[PDB]
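Single chain ahead, written as structure tokens, the form solved without this ligand.
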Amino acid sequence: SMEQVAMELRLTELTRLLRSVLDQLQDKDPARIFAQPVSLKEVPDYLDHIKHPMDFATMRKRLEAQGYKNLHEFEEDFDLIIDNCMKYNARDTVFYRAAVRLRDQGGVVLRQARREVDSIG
């Protein structure tokens, strides 16, 4: 149907926007602390601590499969990245501090994106 095609055009557009958002957000992590999933080989106990790991590459896999139906879902994953980091890592560490910086720098990008998704529909 043409109704179905139109929904698919809107999902595709959402995806194009969300890639721009992801690239913008990934630029606020120059160190690439959040670029890949935590290694279970290099932190074996990780899953005892964090129930829902998240990372930019996993967000990207999902994105290219148009797996994000709206901005809320993408926002939930981005927040997982930050929130997992601030639980596992202590306040004085380079990791915790990179999370905080990403949260703050990211909150701008997501403030305007939320307007662009409403504004463009």
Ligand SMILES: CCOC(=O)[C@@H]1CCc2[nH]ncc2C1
Given for the second form:
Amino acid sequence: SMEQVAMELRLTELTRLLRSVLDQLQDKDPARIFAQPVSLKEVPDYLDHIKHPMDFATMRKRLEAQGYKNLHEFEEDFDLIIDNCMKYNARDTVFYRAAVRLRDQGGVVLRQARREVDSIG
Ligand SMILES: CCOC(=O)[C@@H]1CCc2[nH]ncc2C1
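Requested next: the structure of the form deposited with this ligand bound (the form solved without this ligand having been shown above).
The complete assembly is shown below, putting the previous chain first.
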């Protein structure tokens, strides 16, 4: 159907816009602390602590599969990156501090992404 094509065009453009948000968010992590999944080889008990791991590479796979239906889903996953880190790591660690910084800097990016998503429909 034509509707299904228009639908896919909007999903495809949502993906274009989310790709740009993801690039901007990941730019705020020059240390690449959040770039890849936490290694279950190097942290064998991680899943005892964190039930839903997340990282930027995993977000990007879902993004390119067009697996984000709206900004809220995308934001949930970003929030998992931050919140998992701030649980597993203690407050004084470079990891926890990097998550605080990423949350603070990313807040700005996501504020304007929400306006753009609403505005463009
Ligand atoms: C570069 C490796 O960094 C880490 O080892 C983790 C940072 C992200 C994270 N999320 N939950 C635990 C951890 C430790």
